[PDB]
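Read the single chain below, which is given as structure tokens and is the form deposited in one PDB entry.
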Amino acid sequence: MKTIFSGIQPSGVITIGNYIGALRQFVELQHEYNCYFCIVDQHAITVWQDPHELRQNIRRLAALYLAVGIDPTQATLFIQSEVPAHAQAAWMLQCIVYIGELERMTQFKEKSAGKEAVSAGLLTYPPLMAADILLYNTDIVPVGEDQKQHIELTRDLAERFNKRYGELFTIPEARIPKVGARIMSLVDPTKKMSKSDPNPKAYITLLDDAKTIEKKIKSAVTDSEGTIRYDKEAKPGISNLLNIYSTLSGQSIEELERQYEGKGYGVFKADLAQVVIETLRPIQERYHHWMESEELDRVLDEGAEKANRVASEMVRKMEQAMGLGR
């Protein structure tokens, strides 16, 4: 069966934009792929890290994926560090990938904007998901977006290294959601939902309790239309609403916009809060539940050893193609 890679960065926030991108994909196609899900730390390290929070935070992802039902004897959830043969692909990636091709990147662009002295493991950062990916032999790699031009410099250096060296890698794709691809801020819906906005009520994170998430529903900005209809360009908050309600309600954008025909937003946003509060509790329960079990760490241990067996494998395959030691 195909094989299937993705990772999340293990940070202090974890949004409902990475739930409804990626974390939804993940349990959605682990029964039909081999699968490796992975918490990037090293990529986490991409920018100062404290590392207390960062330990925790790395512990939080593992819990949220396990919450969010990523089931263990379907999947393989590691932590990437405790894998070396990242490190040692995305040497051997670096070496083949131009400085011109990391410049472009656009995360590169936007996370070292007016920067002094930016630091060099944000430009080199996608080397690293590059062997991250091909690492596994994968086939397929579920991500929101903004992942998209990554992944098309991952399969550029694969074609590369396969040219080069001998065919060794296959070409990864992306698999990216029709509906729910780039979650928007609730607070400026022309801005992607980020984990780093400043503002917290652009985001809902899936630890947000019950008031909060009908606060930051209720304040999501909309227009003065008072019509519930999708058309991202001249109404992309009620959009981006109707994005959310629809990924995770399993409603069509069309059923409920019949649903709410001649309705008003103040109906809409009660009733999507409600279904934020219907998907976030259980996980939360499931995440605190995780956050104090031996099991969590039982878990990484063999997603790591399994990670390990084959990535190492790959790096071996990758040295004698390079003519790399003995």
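Residue numbers count along the first chain shown, from 1. In this text, rigid core is short for the largest set of C-alphas that superpose within 1.5 Å between two forms. First, how it differs from the form deposited in another entry.
- Looking at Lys111, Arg160, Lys235, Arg182 after a core superposition between the two forms, you find that only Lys235 has a C-alpha shift of 2 Å or more.
- After superposing the rigid core, the Cα of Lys216 is displaced by 2 Å or more between the two forms.
- Put the two forms on the same core and the Cα of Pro282 is off by less than 2 Å between the two forms.
- After superposition on the rigid core, the Cα of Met291 moves by less than 2 Å between the two forms.
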Given for the second form:
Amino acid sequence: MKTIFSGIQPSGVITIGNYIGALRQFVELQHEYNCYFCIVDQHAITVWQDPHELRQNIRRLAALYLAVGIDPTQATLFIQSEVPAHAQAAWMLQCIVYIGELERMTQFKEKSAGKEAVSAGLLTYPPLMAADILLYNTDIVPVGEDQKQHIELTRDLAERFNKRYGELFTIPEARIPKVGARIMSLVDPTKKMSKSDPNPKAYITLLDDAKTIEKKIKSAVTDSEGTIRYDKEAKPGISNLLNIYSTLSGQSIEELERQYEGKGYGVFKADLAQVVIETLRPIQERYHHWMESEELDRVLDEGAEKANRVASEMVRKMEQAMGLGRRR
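Okay, that one was the form deposited in one PDB entry. Can I see the form deposited in another entry too?
The next block holds one chain only.
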């Protein structure tokens, strides 16, 4: 079949944003495609991470990946750093990418605020993501909207290398969902829901408890009209909450706009909290099962084994094309 690749950084617990925009579709896709799902830890470190917490977020993400229904026998789930080829590839691509191309990446100008001194791994994030993808001769990359641009740079780098050193890489394509590709922060509806938001009220994580979900939802930035209708420019808050409600419940923005008429925010929120609560209930229960057993580690071992064979073969080929090392 066709091959898909997608990664999720172990920089916090994944949010209902990471779930709706990417992970949720992983559970279906793993049956239609040859899928590689990665815990991108080498990306996580482009920005400070407490060591103990990175270790634990890596193992939690793995458990959630499984908990939401990824089948270790249908998809290969693995940790990037456990596969050296990602760093080997990343360096070879860093050599054909242009500083100007890196400097212009949106995620880099954003993440690099006027902030005094930035780590180069923030500039060089993109070639590593290109490796992640190109290593597996990837066809489709199922990601939320924010990663689109990085994927285009991935494509340019594949084509650059192919015409510079001969056909080797497959030219991947992004696959952003038509709905819920950019879930916004509950605290500022102009910013995306980001799991590394300094303000925990910005996101709801897949591991948040009922009480906590009820508060973040309650606290969510709405407006004054007490009118439950969809408007992205007028009521960016209420719009966002509508989507989450839609995508998560099954109902359209309309059947929800209807259901909440002469009805106000207070109730609309307490219901959204229960929708999100119920959605995460089965997930969280399976999550606990995976966290208390050595089974998760076995999964990951076999996942790296499999990624190592495919990717290490691609590095050999790339080396052969560029003339690195010796004839093997």
